[PDB]
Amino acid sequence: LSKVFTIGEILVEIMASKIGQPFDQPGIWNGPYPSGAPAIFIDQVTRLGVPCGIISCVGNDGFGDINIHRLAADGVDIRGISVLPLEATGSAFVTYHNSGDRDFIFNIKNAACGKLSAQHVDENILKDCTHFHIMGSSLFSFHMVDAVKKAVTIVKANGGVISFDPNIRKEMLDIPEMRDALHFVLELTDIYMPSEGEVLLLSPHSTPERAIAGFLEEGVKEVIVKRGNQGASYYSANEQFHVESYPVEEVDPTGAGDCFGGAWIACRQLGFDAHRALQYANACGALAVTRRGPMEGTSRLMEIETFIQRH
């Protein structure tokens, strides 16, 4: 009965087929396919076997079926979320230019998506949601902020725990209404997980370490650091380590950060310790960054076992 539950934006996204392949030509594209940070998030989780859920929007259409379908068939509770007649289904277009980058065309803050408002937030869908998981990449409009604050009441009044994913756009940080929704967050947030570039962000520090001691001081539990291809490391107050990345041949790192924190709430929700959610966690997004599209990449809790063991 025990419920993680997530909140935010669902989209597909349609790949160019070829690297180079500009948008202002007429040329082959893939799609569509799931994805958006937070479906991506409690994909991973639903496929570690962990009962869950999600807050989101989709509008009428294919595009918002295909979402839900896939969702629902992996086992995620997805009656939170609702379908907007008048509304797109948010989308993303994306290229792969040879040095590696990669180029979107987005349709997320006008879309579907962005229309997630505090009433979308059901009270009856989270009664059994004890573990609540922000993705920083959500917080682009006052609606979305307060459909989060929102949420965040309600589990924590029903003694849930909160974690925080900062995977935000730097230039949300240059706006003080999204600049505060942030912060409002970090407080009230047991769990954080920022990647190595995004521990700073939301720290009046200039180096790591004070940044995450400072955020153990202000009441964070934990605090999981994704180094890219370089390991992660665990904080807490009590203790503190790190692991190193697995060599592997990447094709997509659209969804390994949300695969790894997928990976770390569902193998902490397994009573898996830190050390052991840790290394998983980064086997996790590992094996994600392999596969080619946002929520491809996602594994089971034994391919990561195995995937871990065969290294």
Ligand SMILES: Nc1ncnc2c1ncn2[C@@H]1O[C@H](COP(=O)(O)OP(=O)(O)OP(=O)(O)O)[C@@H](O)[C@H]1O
Contents of the next structure:
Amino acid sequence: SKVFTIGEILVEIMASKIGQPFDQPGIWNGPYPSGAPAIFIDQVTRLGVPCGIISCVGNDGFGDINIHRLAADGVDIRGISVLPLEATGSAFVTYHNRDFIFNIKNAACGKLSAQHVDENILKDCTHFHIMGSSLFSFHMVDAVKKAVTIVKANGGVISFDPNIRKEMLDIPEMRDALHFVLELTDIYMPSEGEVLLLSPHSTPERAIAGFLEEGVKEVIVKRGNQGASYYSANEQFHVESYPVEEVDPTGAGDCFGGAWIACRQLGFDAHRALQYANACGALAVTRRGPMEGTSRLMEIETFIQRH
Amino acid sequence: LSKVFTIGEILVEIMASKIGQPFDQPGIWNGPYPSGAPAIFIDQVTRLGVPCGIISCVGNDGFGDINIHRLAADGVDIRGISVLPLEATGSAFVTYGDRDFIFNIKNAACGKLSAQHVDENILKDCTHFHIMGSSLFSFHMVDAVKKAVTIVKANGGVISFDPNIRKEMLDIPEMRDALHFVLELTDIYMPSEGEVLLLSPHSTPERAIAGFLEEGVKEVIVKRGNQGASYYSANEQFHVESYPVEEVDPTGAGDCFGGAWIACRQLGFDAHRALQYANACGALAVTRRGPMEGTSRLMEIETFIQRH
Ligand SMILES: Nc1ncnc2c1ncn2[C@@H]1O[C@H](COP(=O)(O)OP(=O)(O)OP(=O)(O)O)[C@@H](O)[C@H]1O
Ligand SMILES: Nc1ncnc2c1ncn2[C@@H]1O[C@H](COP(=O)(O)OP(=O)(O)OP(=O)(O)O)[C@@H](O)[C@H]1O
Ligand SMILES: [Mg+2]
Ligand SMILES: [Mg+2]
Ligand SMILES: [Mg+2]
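Right, and the form solved in complex with the named molecule of this protein, after the form solved without the named molecule?
Complete assembly follows, chain above in first position.
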């Protein structure tokens, strides 16, 4: 029983100071392993659940830091193809109080396609997770479509976190790609701000009811500093947030998701899984760095206990 | 009203803060810094006071802005710099003998430069057009360059060419031809010592150079790294020794040497003066870190030469 994801893998370069602009020489920190699917799958493995990822990186040091990190953490990296003529994706980020310069679409991670999805790699996959952020081109979609149908046809469970960029919604083809995934989704994990996106219904209550009636088995709604909710035909509950000192919210959704999926793989019931997921996301935001907020079971449990 | 123009890639460079710093581990980096052979060449030209412009493409981000701001502030005509919303401004990560790089040019805004992104209303007063071989990495680039060249030669302009190519391009017949194509329309050839035989059928520099001149090239300026440079014309031939300096970054040496030569010639310097100034410029260039941070003003070169 293995958990698999697919998508962009990149390195993040972070500005050394708040307010630091992009158009002035300065000091930066990095590279740091990154990319929503990678963060998610890193959290899954740190919780002791077998998993793998399908992506494309370039034949360079930036691709290496990612492969090395995931591999050392227990992730099956056979699915990460290395592209000699492409540069590994990157993202420069600066703060205020947030701002980015992305090289994802036209980078190695954007070369992912059906040809780079090895069906044999998914032969024993029981759960496949999709990040909406990965659907930014026809090839990304073809890759996702191929992997999802292989797993679904093999009786696997599909989970989907629509962490998309609102822009993609104005693009029919991407809008249709998102509808595709949802149509085959068992576990839908939108944040409150994303609940209405892929629904013909205008009120959240109505949208969620719609997802269930359409085929989804469970809807997990992330509410940031307000906690999280769980919805199924069988039950419905909510958990309050754990008050923490937020530093970086960029990996909260990814970690919360990996925790939910991993805990469920470990046999946790909905209530316990939601509690751990909630605590995992809270812990993630207390540290800077994309993948620096993932936690292991012991840390999550101690955090819960202390509260 | 007479202007020197160039065309090509504009990118930013992000440098490793320490020697021995790997790309596969977190650390500290310095940047972004304005870069790109054509950009450094043109920055040296404008710093010498010679009116100039550049045709290039950058993305709609801060990395694109730092280059436009620097060039504009230095006096370069940047109207030929198009901003592409759907693309990312090229970049280059480097770390320290070898420099080691991670490039994003071919698939960035740089490689989007199209023959249409050129014009001619922009090159109307261009009497000198300079080409960097490092820019010819796609048929779209060669097209943009071919168009610009036709336009400039139509108004009776002069073409200068610096073959700072990646030897690899020589095995791709298409690019191999683009380069030979440009060479046949070149008036001023400026290969480095290790690039002299590349576009030549001969195997000895003497022969290679004698061939370029026979074919039509009027001047061949050979850069010899830390051993000076040589000038070759059908009528004369001479060389200058290198100035001893504490080298720190060789990245922009050739580009600065090039801008200095072209600009000094525009200011009426004879071949002998221009060669010593270009030579000194390249010498000064390598003393500071950063691709475009070593350019010099005319009198800085003058004093450099004097003092010594
Ligand atoms: N400031 C916070 N304090 C406590 N818990 C938080 C905070 N922010 C997030 N969380 C926890 O993490 C889960 C992850 O959440 P968030 O709602 O930011 O994810 P998301 O909406 O998917 O965002 P993303 O755009 O990064 O994918 C939340 O539902 C919550 O349980
Ligand atoms: N270490 C050095 N010491 C003194 N002068 C130097 C040094 N390096 C370069 N120069 C001067 O600068 C000119 C610029 O030279 P270099 O040979 O590195 O350029 P190039 O071979 O064209 O390289 P590129 O590919 O960067 O364009 C030289 O011919 C020389 O006069
Ligand atoms: Mg379509
Ligand atoms: Mg969110
Ligand atoms: Mg050289």
